[PDB]
Amino acid sequence: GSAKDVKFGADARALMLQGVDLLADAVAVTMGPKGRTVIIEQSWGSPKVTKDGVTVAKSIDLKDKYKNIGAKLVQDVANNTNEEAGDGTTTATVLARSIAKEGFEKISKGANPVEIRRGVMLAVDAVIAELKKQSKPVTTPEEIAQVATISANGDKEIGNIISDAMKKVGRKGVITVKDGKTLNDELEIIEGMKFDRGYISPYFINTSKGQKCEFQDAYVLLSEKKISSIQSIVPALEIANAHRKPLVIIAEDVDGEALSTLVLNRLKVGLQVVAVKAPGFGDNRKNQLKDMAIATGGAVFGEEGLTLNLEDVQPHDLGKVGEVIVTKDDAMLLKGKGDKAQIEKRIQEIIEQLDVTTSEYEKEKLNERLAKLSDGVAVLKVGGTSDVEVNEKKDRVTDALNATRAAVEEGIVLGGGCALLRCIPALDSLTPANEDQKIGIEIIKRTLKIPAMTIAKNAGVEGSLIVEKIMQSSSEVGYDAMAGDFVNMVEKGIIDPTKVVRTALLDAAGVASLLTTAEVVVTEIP
Amino acid sequence: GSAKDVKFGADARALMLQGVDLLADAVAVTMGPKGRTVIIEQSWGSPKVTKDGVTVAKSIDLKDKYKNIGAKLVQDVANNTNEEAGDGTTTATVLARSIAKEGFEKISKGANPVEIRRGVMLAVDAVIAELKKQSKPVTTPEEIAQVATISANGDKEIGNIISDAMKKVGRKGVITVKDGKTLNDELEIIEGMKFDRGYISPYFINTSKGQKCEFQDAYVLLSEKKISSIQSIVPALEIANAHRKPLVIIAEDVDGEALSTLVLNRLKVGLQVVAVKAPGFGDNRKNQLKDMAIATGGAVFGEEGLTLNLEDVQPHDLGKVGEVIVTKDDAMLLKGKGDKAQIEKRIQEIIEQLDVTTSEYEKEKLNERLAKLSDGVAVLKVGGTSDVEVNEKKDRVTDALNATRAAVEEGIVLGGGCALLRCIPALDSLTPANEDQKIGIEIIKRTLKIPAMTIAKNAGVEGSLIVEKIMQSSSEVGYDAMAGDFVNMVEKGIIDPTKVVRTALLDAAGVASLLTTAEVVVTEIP
Amino acid sequence: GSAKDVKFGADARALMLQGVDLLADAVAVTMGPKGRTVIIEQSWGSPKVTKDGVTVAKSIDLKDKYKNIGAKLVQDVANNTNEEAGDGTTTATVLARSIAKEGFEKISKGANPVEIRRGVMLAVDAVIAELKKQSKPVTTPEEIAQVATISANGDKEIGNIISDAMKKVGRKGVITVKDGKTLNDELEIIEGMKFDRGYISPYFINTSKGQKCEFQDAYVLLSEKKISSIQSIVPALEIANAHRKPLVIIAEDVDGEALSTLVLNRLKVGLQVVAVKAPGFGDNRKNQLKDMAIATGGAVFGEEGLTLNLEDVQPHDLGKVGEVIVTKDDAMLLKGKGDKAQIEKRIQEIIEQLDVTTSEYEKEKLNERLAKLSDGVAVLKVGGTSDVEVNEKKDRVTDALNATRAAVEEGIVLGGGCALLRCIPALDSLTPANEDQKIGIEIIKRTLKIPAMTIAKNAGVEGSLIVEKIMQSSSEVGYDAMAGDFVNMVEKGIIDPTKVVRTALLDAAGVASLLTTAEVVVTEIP
Ligand SMILES: Nc1ncnc2c1ncn2[C@@H]1O[C@H](COP(=O)(O)OP(=O)(O)O)[C@@H](O)[C@H]1O
Ligand SMILES: Nc1ncnc2c1ncn2[C@@H]1O[C@H](COP(=O)(O)OP(=O)(O)O)[C@@H](O)[C@H]1O
Ligand SMILES: Nc1ncnc2c1ncn2[C@@H]1O[C@H](COP(=O)(O)OP(=O)(O)O)[C@@H](O)[C@H]1O
Ligand SMILES: [Mg+2]
Ligand SMILES: [Mg+2]
Ligand SMILES: [Mg+2]
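Residue numbers (our numbering), protein chains in the order written: chain A, 139 to 664; chain B, 139 to 664; chain C, 139 to 664.
Treat the hints loosely; a few may be bogus.
Copies of the same chain are indistinguishable here, so a pair counts whether it falls within one copy or spans any two.
[Stated by the list, open to error] Derived BS3-like pairs (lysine-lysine); straight-line CA-CA distance at most 30 Å:
id, residue 1, residue 2
1, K347, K531
2, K350, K319
3, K145, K203
4, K332, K510
5, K186, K201
6, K142, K196
7, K347, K475
8, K172, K142
9, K186, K205
No lab work stands behind these hints: they were computed from the structure.
Build out the structure end to end from the sequences listed, making use of the hints.
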């Protein structure tokens, strides 16, 4: 209904590129360990002085509609990189601006956007392949500490606490980060579990910050079979309502009818309940549900042998947990105080079954169940002096933990933009179909130098000469910005996960192609 | 009572054509499988990046009143093409603009708009005749999948689910699409019925999105005869009100008084009851109501042998259904739970009557009742992560259903704009009355290369040479845009319903004539 | 969401420097004993005539965003100097402007900001080393009076009261400053204690002026162990809310659970409670809690001998104090009227144990234990003629207290600006790495005479010749400005703590580097 202003072709692409140029100029100065300083004017108090690319990026909002939406496009892409891999906002932004500007200048000469995009994406796939083949896995906790410290903007405390948590629980363990009311960060191992199923309907989310649902002292309903009837879930809801506690139900599949009833009941004020799918696809589902029932304390409803009907639900027949955190893909049941003697008996039964037989596939499940029932949940409470400080530190710790998980899962590569510099040689092997694909290959190859050049420039040195030396030098040493010398990157501690570099290059190429190939831009009149 | 600005003749037609030019220029870049990108500025969040022409068209609102109303004219015509055949908004828009601009240029030279319109519609009707001539009837489910997948803008999931639904239920079966709470689309066959009658009065509509009326757990009053007395419908409404369920009545004809009473009680807060014309007119009217009474459950009021008066209405004699969704022309009664033993007995009676005699006109009715009581209603539940996403997905799959129906109702025809490229030869057999009808026929034959040229242009190639090759080549191969090569069109699966092309050409010609012949344009003073 | 203006490099640093120049010019005139006069327009009464630089600084807000944020940066840095040392807002401001202007003029010639900052930091470190090298401690109450009078801008009465309070209590004793209704400042010694542990959660703060929590007639709960259960803190809270009196609890560590419960109880209107950590690291903690229990009157809950479970708390079993002041690192319990006979018995026991054996590390602790109970809190009640001039005078007395504590903590140096003048020979021994670090050394050595020059200029004389005479003169005399002659600076009275000079130089150098090395400045559009 609102009157629009419509711009076509390069007329709109130029303005969008101006917006992305302002964004990338603002966020480029903050890149590296020697990142420059940005002062953001606060409308209520003292100005905010930061060297963080995420804050600088989320800070700017342009007045021009076209510039603002180009900046918003690149900015949301960088946010996606940050939220997916824990790092890469500034790198994705500088790569995106490089690719977009080079593509715009090549297209304005009269080239084909589609062929250039094809060449750019073939180059990107080659680079990602080489960067994956050059990755190395983490083998020692010191590498975990290095990765966490780099991902936390050089914060040694965050790296140390994350490495300690991964030492206590495991590299593939369960670590969570909540707020703390004290003045120093504290590491706590508490009893809890986490399994690879998320909420069926995204309508129970209590918290909009991280697409989570947080509950305190929530009842656990277990039903290994489908809900028999409405008169079988209604008594459980009545019991939960009368017992002043929320409900967390886990079953096979609650999609069509009971899910609709729960969603419509969610609209009621004061009614809280979530649904999660059962963890496994066979005997693992049954034994994991038995483990959860033992750890929570209660009874299992719907068993083939016991034939316990959901209609005859009792307060003592449901599980109990302290804190519930359910996400889109994973669900966390925290502080489940069940029968300790029963938990010990179940542990004894599991360890007795461990030394019975091995099949190379079910023994992995048995070891996993032992780990879930034995290894606690690492909680990293974040302390500070005010709400803003605890929030910012919580975000930094969460992002560092995400980047550490990414390093564990895939591996690590040389930091400081050196990983993308060792990916240049493989662009010689590939051959383009036409001249525009070769133009895209050139665009990408003059782009992998941008992160290292930016980091060196922020260090104060003339980054062109440094990257020339880096390319001339061997494949194990690179340029350090803290010390200002070419050092062996791998053991100096300057390493980042393969995932962040992959995601940054992919996101940058995607948004740059979108910026250089968008034909019509529709904006509301100012 | 508000001051108007009035413009006359070409002075207003020029401005309206400027508006339609901006609309068609913005929506023309998103045409084909290779369609360019429109960045639509959202006022509250990130910009909306889309390649879908219906969204681009919905986005555009001009500031100039005359340009805006020209854009709105072509926009609503394209919307009617969409809502009538589920596909053809961008083609209708580009042909609209082509014909309108060509006729405007031929009329500014001093031609007669009436003679040009006559020639244009002569040409259009010839093209529609040849396009009916070249249609082919779908004969295999893979063609249904191809049609659904094209009509869904290349979504393979929509094509696959629609083909599975039309394999489970049938090509001319009952398929409905409803929202869903889960994260994936699930196909479900649910017991229901649908007949070819719609609500009598368009005042009971609960849903404004689609001229529909949705109910849950509704009563079904049946009276094969007419309502004898008002004291014969007041007790039924009293029972409905006291039994907390919305009545749904089906009589012969309710127009004069009972319908007026129902409409005046509709304005009461919380009163819900709809009337539906009796389904049949002969013996089918006599037996389909028995079928519905057996399905829902209860008794039939007004029989010629049972004399069951409507005054003695009882809660055990009315029908029951789960969902009632009635449209202007058709009505669906979903989840009618009745005596399954009675339904089995009715099916046994029908299959016994099947092998009794054959009349070549009543066997069809027998098999139709067999299918209505046997083939369940396919419901395609649509799930996602946000109300806007589930609404977009619902609209896309609904349009794909409409286009598949349009394909299985009249046939298919070569896609990619080649359908309108093999209708050009027909324009040489006709002969105009005067020179201006020849002018209009030239306009139309020039307009018939515009869809193929637009698709090729969006693919990155020079569409004129491609359409020259298509007209020089044989009558079975056309130009692909995903693979960028001349390929036999029918085998790969580039086919669209002949109805969408027919409707697009008719709609485009109508709005173009209305734009090049309107003489006075009255607009509110800004 | 707010649109921003983003400025880069010198095109922003220049405007920020203009802001800091306006701020420093306005606050520089008020520097010294002979400080000039500033009239500040009061928008409700008569203008405010002041010679005090903190009011002038806090009085200045520029209309331009970039200038205002440069001014605000230097303002907050000067405020930090004033709030962590009690004196040095104007000296820090003038040094900061000097360093920033000189760095800006050297960088605009083409220098490297990183290297200039490195030279500046090495120069500042050398200067601070020599400042620590030339500091002398306080040896008589006369010097306490001198430093208090200088830190109160010449007020002989503030110096006198602070010196008398330090004579009565001690140079390392508890002195506090509250408001009062009389017309003349009065000194009172009252019973109370203070220990080096502050609050655990910064959410109980009733006072927002000085991050304090102020209570009147508050109950004291003691527990030298972890809270047994919620079923033992609930009765405590019930007792506290039944006897119409707040609670002050001291424990071992209340961070995770009970702290969260006290914070959520802090969110209800009518509930007040604070928590403090245990005072000691061993036997000192136990005996200090014993002393506090005797001084407050009641019982100790949680001993290994008495085993007084926290589930049997009674009103006679809790301690009582008059006024409670809790800060971030310190806690004060004031007017705790316990059993005077029990306090005398405790004092007799302590003085009897003070003659058994000494160990050179626990006799000190015994002295401290006796002093906590024996030395009374010195409260300096401030009063006058209205509400605003009691806040003003209380701020002045508090800042003078802070500077006297800084003097009795590290030492004193030659006032007037000669302290920074005697540190000039330091900068002749250090050697720079390159020419830009020599530029930084020159900047700092030229900056080291700005305060003396400013004080002399405000006196009425050409300060360049005065500082030349001071540098040519012996290392014990310097220019007086209340007399106008070069006098022996040490026995005349003109001395300031080394901590104010050190903090001012650090703060000036830090904000000046920030100002001359900030690359991007983001402000909202006006
Ligand atoms: N000591 C160091 N020397 C060189 N490069 C470093 C050093 N520490 C971190 N880096 C590099 O800094 C880059 C990330 O920093 P920054 O740009 O602030 O964050 P982001 O990952 O959001 O872009 C990484 O590429 C990393 O390799
Ligand atoms: N692979 C393909 N090659 C060539 N044309 C295609 C292909 N897929 C779809 N098309 C054509 O695209 C046209 C429809 O696309 P589009 O313009 O987005 O929708 P609309 O039907 O609303 O105009 C149809 O004419 C169809 O024939
Ligand atoms: N009689 C005096 N002669 C010379 N200098 C003095 C005298 N009294 C105070 N000063 C100097 O004045 C300076 C502090 O005054 P002022 O600038 O008003 O406060 P601030 O410490 O906030 O800058 C100190 O450096 C001190 O040495
Ligand atoms: Mg980072
Ligand atoms: Mg389509
Ligand atoms: Mg002072």
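Consistency of the hints with the structure:
{"no.": "1", "hint": "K347 - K531", "verdict": "both (15 Å within a copy, 25 Å between copies)"}
{"no.": "2", "hint": "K350 - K319", "verdict": "both (21 Å within a copy, 17 Å between copies)"}
{"no.": "3", "hint": "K145 - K203", "verdict": "both (11 Å within a copy, 19 Å between copies)"}
{"no.": "4", "hint": "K332 - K510", "verdict": "within (7 Å within a copy, 48 Å between copies)"}
{"no.": "5", "hint": "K186 - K201", "verdict": "both (21 Å within a copy, 18 Å between copies)"}
{"no.": "6", "hint": "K142 - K196", "verdict": "both (26 Å within a copy, 11 Å between copies)"}
{"no.": "7", "hint": "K347 - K475", "verdict": "within (28 Å within a copy, 44 Å between copies)"}
{"no.": "8", "hint": "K172 - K142", "verdict": "between (44 Å within a copy, 25 Å between copies)"}
{"no.": "9", "hint": "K186 - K205", "verdict": "both (24 Å within a copy, 15 Å between copies)"}
Comparing the model with each earlier hint shows no violations; every hint is respected.
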